[PDB]
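Of the protein chains in this complex, one is absent; all others appear in place.
Chain IDs A, B, C, D and E follow the sequence of writing; residue 1 opens each chain.
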Amino acid sequence: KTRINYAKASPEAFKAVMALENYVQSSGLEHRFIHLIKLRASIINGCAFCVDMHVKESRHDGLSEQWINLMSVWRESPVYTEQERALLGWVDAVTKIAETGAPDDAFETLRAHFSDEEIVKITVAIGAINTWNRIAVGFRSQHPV
Amino acid sequence: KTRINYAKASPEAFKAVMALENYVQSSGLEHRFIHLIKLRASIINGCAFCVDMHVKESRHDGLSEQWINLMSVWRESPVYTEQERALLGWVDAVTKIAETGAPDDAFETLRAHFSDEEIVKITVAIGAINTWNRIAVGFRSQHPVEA
Amino acid sequence: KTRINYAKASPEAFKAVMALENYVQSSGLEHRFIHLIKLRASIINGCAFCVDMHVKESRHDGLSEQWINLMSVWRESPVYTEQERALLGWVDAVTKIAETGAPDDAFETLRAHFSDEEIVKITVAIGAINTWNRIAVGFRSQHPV
Amino acid sequence: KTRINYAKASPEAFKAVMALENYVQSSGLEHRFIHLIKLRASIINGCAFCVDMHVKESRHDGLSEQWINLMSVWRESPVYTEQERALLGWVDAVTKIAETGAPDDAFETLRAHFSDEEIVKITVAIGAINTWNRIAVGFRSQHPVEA
Amino acid sequence: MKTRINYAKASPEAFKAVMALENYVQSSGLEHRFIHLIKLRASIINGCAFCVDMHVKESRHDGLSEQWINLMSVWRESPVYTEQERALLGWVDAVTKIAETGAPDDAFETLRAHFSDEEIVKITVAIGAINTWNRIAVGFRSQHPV
Partner (left out) sequence: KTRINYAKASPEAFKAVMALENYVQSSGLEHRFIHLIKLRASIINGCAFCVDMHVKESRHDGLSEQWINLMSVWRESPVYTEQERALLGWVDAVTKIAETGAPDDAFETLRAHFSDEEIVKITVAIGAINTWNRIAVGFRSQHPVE
């Protein structure tokens, strides 16, 4: 069902995206926040390949099944902390940038909880997962069953 | 914070929705399809109260964590059988009836995998969860948070 | 043409939906509000089968042609009372729950004109017509001409 | 409350739109089609001022209450002829031009039932009502209310 | 070809009627800068390459900068536009997308801060006019010169 084996067709292009990924992982952001960014953006973008991966990674790091399962419907779930909600609002707004334009309210709420350095790391992370989602959905990557 | 305790505010209205729910549960549809309908519609509708409930019920009935977790992004997931995909296409179209109008392609794909009787049961089940989602989101029902 | 004669294919399922309909009818909500709920939701949902029925029902109960004809465009019509506008805002938000998430403003406006008991009955009624619309559009039910 | 009395604020601009309206009216298009175009576009655009007007005009020319009331939901209504359906598809596509881009299928179906000359008349008529809708909604024009 | 209908040939009378409204707008007294802005922005929203091509050329002829022309597709985030131009653009966007927005109070009041009621009527008729051209040109797949 896969369209292109992208890692084989252009190894260097793949490695360039992976370099950005490796930066994200080592950026200093709490792993919990990285998991959240990756899982939530992948849900918005319909990327089963990435959702499968990030569910597994979140579980391995001890995040609860509720935290994982409710991520698709976070706005109405009391699971998430105020800081997590601030982050999720930004993940949503920025993932859907063409629609939302990244509103003042979402940014202000994020600023209450994070430094500008952290916000840059968060936003680069959102960009990175948005790239993987585009590659994986675009090329119909198939997750393991 | 909850807006209204609807079971208290109107016991009779609550009972009426519970009667429809009771019909769906005893309708004859495979449990697996009932869980799928309820979980997928709840995700589309943004209903955390129902998603929490239906994840838990799905788990109780032995559905895998992958089947549960991937429901939000089923189109791109190889987890679901062709029959499940037919059902999911219909849950999606019918939950979003105003936008999709329930197209011939989604209906024809469903008809390939289910009898007309089953299709009526499925469609009533979709209506039922759409009602619960509207009640729960509308009244800001709060799901339990685990320890 | 009709996809499925649903009352014939599953009499028990049809009976269950009619049971809910029967509750709504006897719920004690003013019938003017039941008509409004049914007509407006059916318009939003594109359900000609139900619009045809509820137009005729509204007329039978002596609601004016303007009240009926303007329901598709109520926001800009001075026909509707403040209480009706509060109800219409809720019908719209709840019918489009996936888009709107039933906002605070719509809820508080509704609370200003209806008791909590009435609000529960209203919201169950919105659910009920949303079910009928899904069945009728879903099975391509044909209204009489 | 009305925002601007536009006829008073700029009589010249008002007259210019009225001249286009006069063209549409005497264009040769069947009055039933003119009514249909005006009523349907007005519903899409949320223009109560124009819907009120065009409901009354349609009624005056003997169109049925069903024809009038089902226009908001025409796709699922058997009241409309195949020709009317072809026209309605185009009214919808062109009224929502930014979303649809006026697709080949909608144009092909229209072409089945109308000459190129008629299509130009139709499309100018769609443009004209789209202008009135923007003026009326834009300036919050208030329709009369019958007791 | 790529064109569906040669509309000026198929109905000269209908063409003349739309041109008459266009000729009103041109003569209306609105600053030509604002006329260009209304036409260019609405055409972009509506996906009308036929009109975008024409109105880019007209704007350039009247001495509007390449930035002013090119950033019109993404004006909300561009410091190019004056506060008055932004007020107008907000209204062009809201009214062009009337079915979605309903022409909100905020957009109207902001416009009111920069234009007289008479000017607002001329502006709104102008938005109507371009919205008509866009529907004709996209509808008929009119092809701009290359």
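FYI, a residue touches a chain if its C-beta (ideal position, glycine included) is under 8 Å from a C-beta of that chain, and two chains touch if they have at least 3 such contacts.
Within the whole complex, touches from the chain that is not shown fall on A, E.
When the full complex is taken into account, the listed residue touching the unshown chain is E:56, out of E:38, E:56 or E:120. Residues touching the missing chain, restricted to subunit E, are 2, 43-44, 47-50, 52-53, 56, 60, 65-67, 69-71, 73-80, 137-138, 141, 143-144, 146 (touch as defined at the top).
Subunit A residues in contact with the hidden partner, per the touch definition given at the top, are 3-4, 6, 9-10, 12-14, 16-17, 19-20, 23-24, 27, 44-47, 94-98, 101-102, 107, 116-117, 119-121, 123-124, 126-128, 130-135, 137-139.
Heads up, the rule we're going with is that only the chains that are shown with their structure count from here on.
Common neighbours of subunit A and subunit C, by the contact definition above: B.
Each chain gets a centre from the mean of its Cα atoms; for subunit B and subunit D, those two points are 39 Å apart.
Within subunit E, the positions touching two or more other chains are listed as 102. If you sketch which chains touch which, the chains link end to end in a single open path, with no loop closing it.
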